[PDB]
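There are 2 protein chains.
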Amino acid sequence: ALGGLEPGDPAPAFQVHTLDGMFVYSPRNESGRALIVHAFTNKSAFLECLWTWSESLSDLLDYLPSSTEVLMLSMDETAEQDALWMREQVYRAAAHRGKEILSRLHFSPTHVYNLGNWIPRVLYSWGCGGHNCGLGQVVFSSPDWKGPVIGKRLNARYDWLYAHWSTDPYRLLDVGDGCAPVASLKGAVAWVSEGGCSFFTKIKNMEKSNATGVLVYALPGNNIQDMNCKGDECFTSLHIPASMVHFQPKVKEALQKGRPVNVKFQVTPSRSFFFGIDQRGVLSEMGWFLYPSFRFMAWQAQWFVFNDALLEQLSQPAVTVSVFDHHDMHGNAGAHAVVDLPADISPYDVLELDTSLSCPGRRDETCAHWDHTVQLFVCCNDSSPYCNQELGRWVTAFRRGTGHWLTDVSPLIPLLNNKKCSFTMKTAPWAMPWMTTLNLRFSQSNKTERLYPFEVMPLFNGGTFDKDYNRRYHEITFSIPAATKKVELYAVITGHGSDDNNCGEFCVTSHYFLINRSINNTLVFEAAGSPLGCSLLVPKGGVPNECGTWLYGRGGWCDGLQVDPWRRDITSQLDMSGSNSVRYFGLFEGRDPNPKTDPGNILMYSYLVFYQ
Amino acid sequence: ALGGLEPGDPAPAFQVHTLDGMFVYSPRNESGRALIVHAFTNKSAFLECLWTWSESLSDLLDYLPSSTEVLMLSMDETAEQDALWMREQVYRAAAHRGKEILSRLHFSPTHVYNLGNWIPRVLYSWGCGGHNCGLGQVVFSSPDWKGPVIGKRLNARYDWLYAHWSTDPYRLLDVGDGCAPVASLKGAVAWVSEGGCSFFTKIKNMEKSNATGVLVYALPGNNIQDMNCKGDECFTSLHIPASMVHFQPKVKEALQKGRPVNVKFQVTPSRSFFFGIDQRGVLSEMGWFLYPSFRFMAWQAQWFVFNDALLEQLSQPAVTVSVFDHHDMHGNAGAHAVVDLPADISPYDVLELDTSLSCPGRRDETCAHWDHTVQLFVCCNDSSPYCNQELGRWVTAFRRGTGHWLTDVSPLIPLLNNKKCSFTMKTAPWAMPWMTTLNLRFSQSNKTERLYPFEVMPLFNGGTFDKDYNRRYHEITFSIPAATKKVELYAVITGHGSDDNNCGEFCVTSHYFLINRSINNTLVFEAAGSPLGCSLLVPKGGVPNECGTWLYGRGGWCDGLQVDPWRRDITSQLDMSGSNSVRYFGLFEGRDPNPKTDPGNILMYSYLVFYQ
Ligand SMILES: *[C@@H]1O[C@H](CO[C@@H]2O[C@@H](C)[C@@H](O)[C@@H](O)[C@@H]2O)[C@@H](O[C@@H]2O[C@H](CO)[C@@H](O)[C@H](O)[C@H]2NC(C)=O)[C@H](O)[C@H]1NC(C)=O
Ligand SMILES: *[C@@H]1O[C@H](CO[C@@H]2O[C@@H](C)[C@@H](O)[C@@H](O)[C@@H]2O)[C@@H](O[C@@H]2O[C@H](CO)[C@@H](O)[C@H](O)[C@H]2NC(C)=O)[C@H](O)[C@H]1NC(C)=O
Ligand SMILES: *[C@@H]1O[C@H](CO)[C@@H](O[C@@H]2O[C@H](CO)[C@@H](O)[C@H](O)[C@H]2NC(C)=O)[C@H](O)[C@H]1NC(C)=O
Ligand SMILES: *[C@@H]1O[C@H](CO)[C@@H](O[C@@H]2O[C@H](CO)[C@@H](O)[C@H](O)[C@H]2NC(C)=O)[C@H](O)[C@H]1NC(C)=O
Ligand SMILES: *[C@@H]1O[C@H](CO)[C@@H](O)[C@H](O)[C@H]1NC(C)=O
Ligand SMILES: *[C@@H]1O[C@H](CO)[C@@H](O)[C@H](O)[C@H]1NC(C)=O
Ligand SMILES: *[C@@H]1O[C@H](CO)[C@@H](O)[C@H](O)[C@H]1NC(C)=O
Ligand SMILES: *[C@@H]1O[C@H](CO)[C@@H](O)[C@H](O)[C@H]1NC(C)=O
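Chains as they are written, first to last, in full-length UniProt numbering: chain X, 51 to 662; chain L, 51 to 662.
The hints are simulated quantities; they were obtained by calculation from the structure and are not laboratory data.
Heads up, a few of these hints could be off.
Which copy? The list can't say, so a pair holds if one copy fits it or any two copies do.
Said to hold, decoys possible - In silico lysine to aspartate or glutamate, EDC-like type, Cα no more than 20 Å apart, as pairs:
id: 1; residue 1: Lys280; residue 2: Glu639
id: 2; residue 1: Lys307; residue 2: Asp642
id: 3; residue 1: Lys93; residue 2: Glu130
id: 4; residue 1: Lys307; residue 2: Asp109
id: 5; residue 1: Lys517; residue 2: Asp642
id: 6; residue 1: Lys497; residue 2: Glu150
id: 7; residue 1: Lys258; residue 2: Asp59
id: 8; residue 1: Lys280; residue 2: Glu98
id: 9; residue 1: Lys590; residue 2: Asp399
id: 10; residue 1: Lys202; residue 2: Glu127
id: 11; residue 1: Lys202; residue 2: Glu80
id: 12; residue 1: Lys517; residue 2: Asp390
id: 13; residue 1: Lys497; residue 2: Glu538
id: 14; residue 1: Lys280; residue 2: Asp625
id: 15; residue 1: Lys254; residue 2: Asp642
id: 16; residue 1: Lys202; residue 2: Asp126
id: 17; residue 1: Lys590; residue 2: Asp358
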């Protein structure tokens, strides 16, 4: 019944009533605007802050694409008033700003249990149970009270306090504002009031007072806020959890009486608050929301656009060779396959890889909970140096299986020196299983002065980022073959791990390919270490709304995205008729690395390509 | 997260608050009382009638086992009052009756969105979308009204009106009581008021007035009722649908004004209203509810008991041989396998078959929507008559995959005359795929005077139930081998199809095995044709709450249950030293069948077994 209501299936047509009229969705054979259906409920402080926080509304008005529509439903019994409240909030935010986006926003006062469509089934069956998704509740219990008092809570920013609450009951002690250290609480959760001083200061003072946790209650008539640091506050690390709730007269009266009070934290599973329909009418999951900002939706929308632009590229003329079709990957072997390439790949001067790393199930919940590198090695002649050489590199997403990327690896065509070859896609041995689908697309460029690769010589590999990292690399002297018109450097470099300086994965590390000991060739990961360095690559293929730190700018790569190779032309630098020398070296802050604890890692694959 | 929350997985421990105290469920290594969790919502007239209809409460108080517990939650915002209302209704029903059952009923005033447990996830993810499950709603729309009016509706009894509503909009005409024929409505749904005359009379008069449907509105302050016939009314067949709703002043005022009024019918998907935990802590689906009566729960509970009693039997000492392990079945081939039986099965005088017919997925929604016969044939020597002979017969359930039966087929042991044999489980070729798991259990009986079968001779087969049915059967003359102490008749007979007399599947047909033309041997399907003939076999293995007419008493079989063979001893009738004659014949009402239209079918497999 109702057809397929799982990710990847088409979205059946439907009709809804809204303050502006009848909103009708009908599948089309063409590509149109993507849709985002959002279900709002007053029982979650996450959505309340989403719709009340000015930053979230500004992000929605600014970063939302111009080719996306949003529909809002209310699962609460006050849907009629809830829709009007949301519309008023949006209009007030858009005041003295753009107003075209309003035409793409629709608010349905209809009750969820009266739609008469397939939407409630999707909302119920697409349960999130993850980051900032799932009603977080706080239960206050006292012997005097005949029953508990249940309220909403919003956990602090994921990037500030990594400590998590425990299901075991806690105590509760009144500490007023909480920004002045007290004698001691003896492992009793603090009951503090927002305002007066800083939030970070409150948490720090409570931790210094021997407190297992803190609970900020908003003053009457106020709203919950997202707890986060500001500059100097973030360097300091706090090892206790915290959350913000509303004000309850009962707990205050009990504390004044001196009666014991206990507090418990729970996560009640809820219904999906977001689900998207792609530009082609395909149902898609919107991932997780790390913190209450509408930006997470916009990024998802951006991805949809890219996906469409991707699906148009694959439809173009090209010779397709399928290597993997949902082939399972896990362990050392990973995914091994053997293919028979066309008889003659010489005319094809362009080679691309279309890759899709999905999970065993359609839903994202059945995916790996970590990001692990993936490498594609190719072997066509064991008696040649090209065997087991890396052809492409990718990075998995945090519990997402919608990844679909296209990478240009044309200069590595000479590695395929045999009509029959073997391809091995490998990841971390201890990684959870994945399902890889890979296709090689051969094509001829539109360039008039077409050039064809004929030789690929590996230059240097990676290694541990230690003080001896640059001591293992020696100058390579090579002579250029005749009938050569162009020389290129093709290097795939990625830093991993953390050290005293958080280097490797979050390091601004420079890599130099000195040529003829006379000219530099620099690759720098400037975006590394930035809070949102990897958030700008979603239009380019990055998978957004991942269950992890997918926003941090990494060194040379990003989560849920292929590693775009670094290609440089050095035909001018080299002496086309004579010998040349090349030497690699990596540096940090302009000096060799000196990691005293937990040294990082550098995975590199470098090649020198000669064109006819 | 939350472990496995699908059918067949264990139920994690949990705690809930109720008017009587703290209800705690903790898995145990032993077997205890089964549990039934029911979610109630005021938005469904089905549950409202369930909790307001006296018949349903009486059925709950009478047929509910004494080893079952029921917990009730309310998904509505009035849970506190809803639980008290349910408790008051139950107590009033139990007045002047038994009160022990009350100790096994618990009512939780806690809101569903505040449980803090795994129950809401199951309720949301176990969507029903089927018979009398899924909010049936009626939408009244008029040009004068700025918005539609949505109300609850309860479709008439499934066994009375098979006509179904259409998603297309209808009209609405006021016809008062509706038990007096009018001029004509011209394909306009009738708007009638309950009371004054009979419901069947109202529907008949409306159909005679050229009406596409009828809608009964209950008087203000009244409640919806289940539409059904009474004796003479049921013989007559009506080809239009009908439903009962509440009274709306707006539609009445509009009709008085003469303004056009349109009515539409929809089915909004909802959350699961019932889910059960077996005696061993395994989550189990409760199937569908054909009409609003609590009996459907009780039957399910009964099944649980049987299941436990079944699982204890399998744990007993026995030689187990697995033939199928979730082997797929579909098409003509069905499921074919080859097994190597023990070296010597002579000492094992008892042979049983443990069978489980599940679906491709754990959920019942992925199951076949029809009941189809299943037969197990065995071949051990192509040069022997025993090849391709039937060993066991089963009947699938309407969209249920919890079937697990144990059938005694010991007299058919001689069919296994070779250590290696081939087993073929076959169903209707056009049937949806199933997954069969079969095990043969050999055991030695506790009887002191043990007897061992050594010869099985087929006697007669089935055929089409026509006037020539008995003309194709001739007397079989057989001589008994020496060293024989007992002779048995083992016949598996099943009627199928319908005819002018509804014979075959719903026929009281007698089968006679005349022996030596001197003594009868009668098998009669007395329960055939009864409304609840097959409802009494749930404790014996019948799968209850099927998506079909599983309550009707069939001829010699029942839905979701094995066909228990008919075994009779005739050692006295036969001349142990001499020849004997046997002749089969089937009769209806004491006479040969004379089906003028759509003749039925009789599937029979008969054997004469000789014991040492
Ligand atoms: C190739 O570059 C290296 C490294 O210099 C880096 O880039 C410079 C522009 C500057 O930012 C340095 O701090 C970087 O480390 C050159 O060798 C180094 O040159 C620097 C001065 O630029 C000197 O202090 C170091 O001792 C040199 N050696 C090292 C770092 O090992 C090199 O000269 C460049 N090649 C050329 C210009 O042909
Ligand atoms: C075996 O039974 C048949 C069938 O009789 C049936 O059972 C009877 C008790 C009675 O209910 C009949 O109406 C049933 O049909 C006997 O043969 C028939 O006997 C009936 C009278 O009982 C007679 O009218 C029929 O013509 C007979 N023949 C038929 C129905 O084909 C038969 O005699 C029985 N065998 C015995 C007693 O040894
Ligand atoms: C969402 O729920 C919160 C929490 O109940 C509501 O917050 C209330 O807001 C009103 C209006 O400012 C205050 O008077 C109350 O004191 C607040 N707390 C309560 C009622 O507990 C909030 O209004 C709700 N939002 C919507 C749109 O209904
Ligand atoms: C379930 O919903 C129905 C339909 O709304 C309620 O029926 C109402 O019952 C009251 C009390 O007898 C009447 O006064 C109303 O006229 C009825 N119809 C309405 C309100 O539309 C019924 O009470 C509800 N049950 C519970 C337990 O809340
Ligand atoms: C916290 O407890 C520790 C236990 O070792 C104690 O040394 C310390 O002084 C306490 N700090 C307070 C009460 O601020
Ligand atoms: C590998 O290359 C060598 C080069 O001498 C060639 O002789 C050999 O046949 C090649 N092997 C295959 C399997 O193509
Ligand atoms: C119903 O319509 C049919 C159309 O053939 C007509 O013959 C019949 O008289 C009508 N019956 C009524 C209006 O009762
Ligand atoms: C079948 O039975 C016959 C009886 O003569 C015997 O000769 C033959 O070997 C048997 N076949 C098998 C496969 O057991």
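So, going through the hints one by one against the coordinates:
1. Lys280 with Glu639: Intra 26 Å, inter 92 Å, cutoff 20 Å: neither.
2. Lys307 with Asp642: Answer is neither; intra-copy 64 Å and inter-copy 91 Å both fail.
3. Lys93 with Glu130: both (16 Å within a copy, 17 Å between copies)
4. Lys307 with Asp109: neither (45 Å within a copy, 52 Å between copies)
5. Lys517 with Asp642: Intra 6 Å, inter 101 Å, cutoff 20 Å: intra-copy only.
6. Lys497 with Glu150: neither (41 Å within a copy, 88 Å between copies)
7. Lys258 with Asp59: neither (53 Å within a copy, 45 Å between copies)
8. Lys280 with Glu98: Neither way: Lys280 and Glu98 sit 23 Å apart in one copy and 55 Å across, limit 20 Å.
9. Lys590 with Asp399: neither (23 Å within a copy, 73 Å between copies)
10. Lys202 with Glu127: Classified as both; 18 Å inside a copy, 17 Å across copies.
11. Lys202 with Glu80: neither (44 Å within a copy, 39 Å between copies)
12. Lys517 with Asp390: neither (44 Å within a copy, 68 Å between copies)
13. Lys497 with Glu538: Within one copy, since 18 Å is at most 20 Å while 90 Å is not.
14. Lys280 with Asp625: neither (54 Å within a copy, 104 Å between copies)
15. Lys254 with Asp642: Classified as neither: same-chain Cα gap 37 Å, cross-chain 95 Å, threshold 20 Å.
16. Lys202 with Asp126: This pair counts as both: shortest intra-copy Cα distance 15 Å, inter-copy 19 Å.
17. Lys590 with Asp358: Cα proximity of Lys590 and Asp358: one copy only (12 Å, versus 58 Å across).
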